[PDB]
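J.: Okay, here's what each chain looks like letter by letter:
Number of protein chains: 4
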Amino acid sequence: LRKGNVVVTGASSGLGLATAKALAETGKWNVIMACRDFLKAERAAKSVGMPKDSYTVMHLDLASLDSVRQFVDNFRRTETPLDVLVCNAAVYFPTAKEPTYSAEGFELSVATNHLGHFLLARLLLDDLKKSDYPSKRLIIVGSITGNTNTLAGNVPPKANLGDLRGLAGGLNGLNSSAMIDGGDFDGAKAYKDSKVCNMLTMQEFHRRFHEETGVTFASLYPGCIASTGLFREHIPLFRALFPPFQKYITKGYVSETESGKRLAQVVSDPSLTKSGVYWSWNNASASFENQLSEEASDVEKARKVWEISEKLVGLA
Amino acid sequence: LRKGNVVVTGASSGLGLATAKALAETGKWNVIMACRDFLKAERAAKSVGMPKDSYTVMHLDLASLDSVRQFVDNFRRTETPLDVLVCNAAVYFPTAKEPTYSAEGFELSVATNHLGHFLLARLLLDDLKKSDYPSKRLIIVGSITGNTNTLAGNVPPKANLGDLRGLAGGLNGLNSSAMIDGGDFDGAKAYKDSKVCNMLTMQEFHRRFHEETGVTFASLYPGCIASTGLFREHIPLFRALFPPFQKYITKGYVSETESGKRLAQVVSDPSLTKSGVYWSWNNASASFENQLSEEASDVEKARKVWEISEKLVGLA
Amino acid sequence: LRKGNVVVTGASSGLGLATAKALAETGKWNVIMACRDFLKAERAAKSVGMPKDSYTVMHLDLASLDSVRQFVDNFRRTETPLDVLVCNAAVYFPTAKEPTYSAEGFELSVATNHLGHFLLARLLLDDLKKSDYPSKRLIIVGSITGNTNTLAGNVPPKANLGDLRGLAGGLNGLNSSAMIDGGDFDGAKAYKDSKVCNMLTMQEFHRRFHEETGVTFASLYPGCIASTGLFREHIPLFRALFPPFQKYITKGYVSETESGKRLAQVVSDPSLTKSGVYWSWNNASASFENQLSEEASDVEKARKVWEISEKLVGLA
Amino acid sequence: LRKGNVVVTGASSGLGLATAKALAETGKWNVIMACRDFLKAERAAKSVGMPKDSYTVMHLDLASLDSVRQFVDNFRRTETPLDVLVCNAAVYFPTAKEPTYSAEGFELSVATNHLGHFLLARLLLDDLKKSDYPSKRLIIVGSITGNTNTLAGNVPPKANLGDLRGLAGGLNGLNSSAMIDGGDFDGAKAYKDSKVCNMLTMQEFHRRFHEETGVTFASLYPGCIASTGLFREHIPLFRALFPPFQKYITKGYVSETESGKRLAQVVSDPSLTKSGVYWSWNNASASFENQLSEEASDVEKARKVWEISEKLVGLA
Ligand SMILES: NC(=O)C1=CN([C@@H]2O[C@H](COP(=O)(O)OP(=O)(O)OC[C@H]3O[C@@H](n4cnc5c(N)ncnc54)[C@H](OP(=O)(O)O)[C@@H]3O)[C@@H](O)[C@H]2O)C=CC1
Ligand SMILES: NC(=O)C1=CN([C@@H]2O[C@H](COP(=O)(O)OP(=O)(O)OC[C@H]3O[C@@H](n4cnc5c(N)ncnc54)[C@H](OP(=O)(O)O)[C@@H]3O)[C@@H](O)[C@H]2O)C=CC1
Ligand SMILES: NC(=O)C1=CN([C@@H]2O[C@H](COP(=O)(O)OP(=O)(O)OC[C@H]3O[C@@H](n4cnc5c(N)ncnc54)[C@H](OP(=O)(O)O)[C@@H]3O)[C@@H](O)[C@H]2O)C=CC1
Ligand SMILES: NC(=O)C1=CN([C@@H]2O[C@H](COP(=O)(O)OP(=O)(O)OC[C@H]3O[C@@H](n4cnc5c(N)ncnc54)[C@H](OP(=O)(O)O)[C@@H]3O)[C@@H](O)[C@H]2O)C=CC1
Ligand code: PMR
Ligand code: PMR
Ligand code: PMR
Ligand code: PMR
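Chains as they are written, first to last, in PDB author numbering: chain IA, 86 to 401; chain Z, 86 to 401; chain H, 86 to 401; chain V, 86 to 401.
Just so you know, the hints here were simulated from the structure itself, not pulled from any lab data. Please note that a few of the clues may not be correct.
Same chains, same label: a pair holds when it works inside one copy or across any pair of copies.
[As the list claims (entries may be wrong)] Here are the simulated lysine-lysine pairs, DSS-like style, with alpha carbons at most 25 Å apart: (1) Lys336 - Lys243; (2) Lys131 - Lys386; (3) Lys274 - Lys182; (4) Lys88 - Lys113; (5) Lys396 - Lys88.
This is chain IA alone, in the form it adopts within the complex:
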């Protein structure tokens, strides 16, 4: 079988670097690392010892739609088939009193996590359909805290998308609120809302394109990878205390290598061919279909998100 091509976002840092390492040590994949920092992506690829032939770094800054369209035109210029697209990029700002916004004016957490991935996926889907590979998949990462069923979701600050009032406003923050619900700005709630938007995006993609094409859509929660850089902006005391807290008190700590092997299994396991599944892993390395929260599963809300995002990015 032809070595398959995998476009993986945010490969510079832990999760994507591990996934690329796992999918390149096999020798059966060509990985394309789409990252904002080109130099940070070379040092990681060399450090992790991925073969030179297998990787091919390319630029992609999700916060800027122009960067996305440029990446797309270059990727179509390479005249290479596209098989699997992984959306794993994210920026988290726990302790911001004043928000930072992206190029088109959107709050930075929601543009990087959802809108950019939303545009990239829809643009590259046309390339995915015209691919002769046996299995085509589109992987979207998610977090357990997005769902409120679990204790992690029920922490004092939690996610909410009550009326998509902010998204309709355009998230500019002018004569409006950056938060989708419309409440006071909170660093965590925006990230959680973006994760929920990603889950709804997966559901809607399954509903609209699964029968038409045959492109598997999936989402997964790897675990609490406390060693990565997502908490870089957090205070040091947190960074230090959190990993032991997860290891011993909550027992949800997962090693980086385990998370990479899990995501790669999602990418390349024949068994996991059911679309529209919020995957999850057990303590014994067992893959199961976890259950989403009520709001996350709402059809109308997801439709409302789909149309609003489509208008905002200029797809209309």
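Using the hints provided, position chains Z, H and V with the ligands relative to the given structure of chain IA.
T.: Then chains Z, H and V with the ligands, alone, in the frame of chain IA:
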């Protein structure tokens, strides 16, 4: 006359942002801002109020040759003529005890300042030749401290390229020294050596291509722009003390706007059509041809630099 | 002679209420009070005892261009000649840590004070030209603190329009700064910058239309009217202490009636027919031509302001 | 090509004797040595071994206009073409408390250095124009200390031409000051002012006659020739100490032969055909265009000098 296209590097920060502002408020230029951070480049363009039509951000990480070739292929895919190329990018590490290296192994100051610009210029020169614009120019920035004639050049740490011993080694730093001369690593000497390499590059380009094509080659020293981010890695006390020191004691302080208008004058002045000139500006906004140091003007050394760099980047 | 029509902004509060009282007790003027609050404008008109026949309240919210165009269409629907236009509206936010923005996204102080008046004046100028009245004038209010020549201008926070960097950005506050210079947001500096913009607007109007039409353009500083509502948002201690401080220590206190009679004199005095004058009053009720600051008198900067404002409001 | 004729002033002493030696050992020039002492000029010509055929001593005392006109009438009586005119004469009085004046009353330093050369050049220019030689040049010597950009210019006594107050007075010293600025008499300042006047004279000649005729105008600084007789009037201790001081501490010492070969290169080099250049030489015998001081480059001041000198010498 057709609005001319200007590819300007490092536009995100002071000098290139000012140059783009100056060349875009006229309305007679299309500027292409080639910068490592796409988001930092949008916020600057909006803040400086450049017209939307005039600017078109594109990615370019000089430390990675792959990024350069990608930028080149995309720029040729846009099917747009290229008229003027400006090389103004630089990274300065005053207070590093251990050096940081670029993707191909070269010390970070020499790859960004000289090697990347050297490859980009040679690749884009073919595009420059096939351009119907009346005036085609290639601007390379330089610093006065590179020359040792002046007091600024005679500070206790100063530039030296004695045998190009490090460049021949390949600057990997393995079984060798990163410094071109071969001495103990110094943060400033590397940057100054790169500036000297840029001056020699201009001279050699003038000798090899001025008669054949008709592409003007120029270098300029704007002044001590103490407000920019080049000194970001320096200690705070320096950042604070240096600007007044230049303003009052050495009287070499130049405003950012003045430096931008000067560089833009170099870009678009009909009078300044003499190639191979190390330009400079007077207190009264007067442009003169300053004189380089003995070593900077050495023909054999520049030839030796040209061949070594050509081999290192894979042009051979 | 026909009773002349005077459109006076912000008549609800002190300065415009006094001006309307002065121009209506004569019986020689029809005043049109253009104010954001219609009810606040009736209670003031009744309280000040202006004749019912003379006044005719109409709506105008400067922060919203739609309101301005609506007011203009209604005023042209009344089929009444327009003779004198007075721009005296202003909102001041001394103690704001987070800024409030107007409908089109502009910072609230600069849109109300300058942009709205700029659009209204240019739209109504066509009506002014086609008026058979002997004397046609356009009055723009200003403040002494806008000029830095005087001690009032040299208070610790002072005005600055260094590059019109914010105005070119569009003052949205997204990926930019609301302040025109680009500095950290200050409540007072915005208001002072708007006053400077108004002075430059008067100068440019004099240069562009005085010869063509014959419409006198004027600006004036009445004095420190400490009894008005401009300081409503300030703390109480200031409101209490400031009036005596001006009365006795700085001796710049002027009664409201004096300010109204002065502005009305500007409106209706035959002697004061010289255009482009920053008027001012002496202790003995003597009118003199005060001198503006260097920056306020800059031609290029005023041209730059004119073009930018014209583009922003959609006149282009 | 015809052996060209070179009129060289002050050939008796070092610089002109060396220039004549250089231009006569070639065998391609006829040199006319215009010197105040006829006997001192024969002993030098014999000592330096110039061919008898090549030299032809003639009298010229710059301090006396009558001598200049006599020299001119004799030179026109010889019925010989004139190609190149060199003005290198100078008298320096470092340690004079009471000044010595020339025949028409002018202070001796300014008449010999500038006024006499000014009259001779203008009179002989008519002869230069009617010459069929391929290259016609007019060489005026200058000194670096005239410019205040360099450390040599910033010695405690320095040059100044503030209002040309003395030149307008006529330099008689009666009811006036001999110094051009009007200050107390200083031996050095007069000589430096005369050098500045010579530079301005070159500039004005370039502006007024370069396009009309095609006569190249040039000025040059050879270096510190400490072996000549200019310091004859100085104390012995200076004469002794200065040459080593220049050789070792300031490293500006140039041998007499080098200065002569440099000036002769200016006279006869095809490359150096750009007019209005303040030439200079590098340590490696490299000719460059040095930059004059602000005052030296002032157009109005040079015009003012031109008209005043023209009136004083009776050209009017
Ligand atoms: N505890 C955890 O960490 C958990 C992890 N996850 C998931 O892990 C995923 C990966 O984040 P994680 O690896 O953990 O931590 P990281 O933030 O360190 O990895 C994030 C990656 O996103 C990349 N990135 C950020 N912004 C952009 C951009 N504008 N354009 C392109 N790439 C960008 C970053 O590039 P760069 O390297 O330069 O920063 C980095 O490679 C997240 O999507 C999150 O949902 C899920 C549950 C919990
Ligand atoms: N005192 C002075 O500042 C003097 C200035 N100069 C010249 O000024 C020039 C500009 O540096 P300056 O504006 O002063 O200070 P800056 O470093 O802030 O500007 C440097 C620019 O280079 C860009 N850059 C850095 N690395 C890369 C890369 N790998 N790829 C693409 N772009 C990159 C930076 O992008 P980013 O914005 O993300 O950092 C930035 O825009 C220098 O070349 C220097 O020789 C000359 C003499 C003295
Ligand atoms: N110390 C001082 O007071 C000095 C006064 N001045 C000038 O006095 C002028 C008047 O301000 P002042 O009377 O002193 O204090 P006020 O603010 O109380 O008067 C301001 C007027 O502007 C009106 N206004 C505010 N916003 C709008 C809007 N969006 N649309 C229409 N009208 C609006 C207000 O209506 P409403 O009544 O509902 O608030 C009010 O009538 C100012 O332009 C200022 O430059 C000059 C120097 C100093
Ligand atoms: N350190 C230096 O010496 C430097 C030299 N120069 C230039 O060198 C040039 C030559 O002076 P330099 O050779 O150095 O020293 P000298 O004074 O010994 O040479 C001067 C020449 O001028 C001649 N001369 C003086 N007065 C008259 C006159 N009234 N009529 C005709 N000729 C006259 C002298 O004749 P006589 O032989 O009888 O004295 C002598 O030949 C000067 O113009 C100076 O600007 C420039 C910079 C520094
Ligand atoms: C007991 C189960 C459990 C698990 C598996 C997680 C994972 C989890 N640890 Mg949450 N967390 C759990 C619970 C708790 N830890 C808690 C706290 C906590 C904080 C402060 C934070 C966090 C986070 C999470 C996250 C990581 C999501 C992230 O990286 O953004 C999951 C999966 C992370 C987040 O929510 O930020 C947006 C973060 O800042 N947890 C609390 C309160 C003490 C409880 C009891
Ligand atoms: C008197 C003239 C003069 C001028 C125009 C500059 C410009 C200059 N200021 Mg140097 N500098 C001058 C002299 C001096 N300042 C000096 C010091 C100094 C430092 C520490 C530094 C510097 C620098 C420069 C540079 C800027 C080059 C840079 O941005 O990298 C020039 C043009 C800059 C540099 O060399 O770093 C690589 C830097 O770190 N100068 C010293 C010792 C006190 C002297 C007397
Ligand atoms: C001595 C003359 C003088 C005059 C005529 C005014 C008028 C003036 N009193 Mg300023 N002011 C003067 C000076 C001073 N009082 C000062 C302070 C001051 C404050 C805090 C304020 C003010 C203001 C002014 C203003 C009114 C402008 C306004 O209403 O916005 C003028 C004309 C007003 C302003 O600047 O806000 C934007 C305001 O908030 N002045 C200071 C510092 C103690 C000095 C010495
Ligand atoms: C460091 C450079 C330098 C150069 C190239 C010259 C040439 C120079 N040495 Mg000045 N001089 C320099 C500097 C200095 N020597 C200095 C002094 C000095 C004196 C006293 C004199 C002089 C002179 C010069 C002159 C010769 C001009 C002349 O012959 O008239 C130049 C070119 C000469 C002059 O100025 O008289 C009018 C003379 O009398 N220099 C001083 C103070 C110690 C400094 C540091």
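J.: So, for every hint listed, does it hold in this structure?
T.: Each hint tested on the structure:
no.	hint	verdict
1	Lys336 - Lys243	both (21 Å within a copy, 20 Å between copies)
2	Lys131 - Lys386	between (44 Å within a copy, 20 Å between copies)
3	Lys274 - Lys182	both (13 Å within a copy, 24 Å between copies)
4	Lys88 - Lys113	within (5 Å within a copy, 49 Å between copies)
5	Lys396 - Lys88	between (37 Å within a copy, 21 Å between copies)
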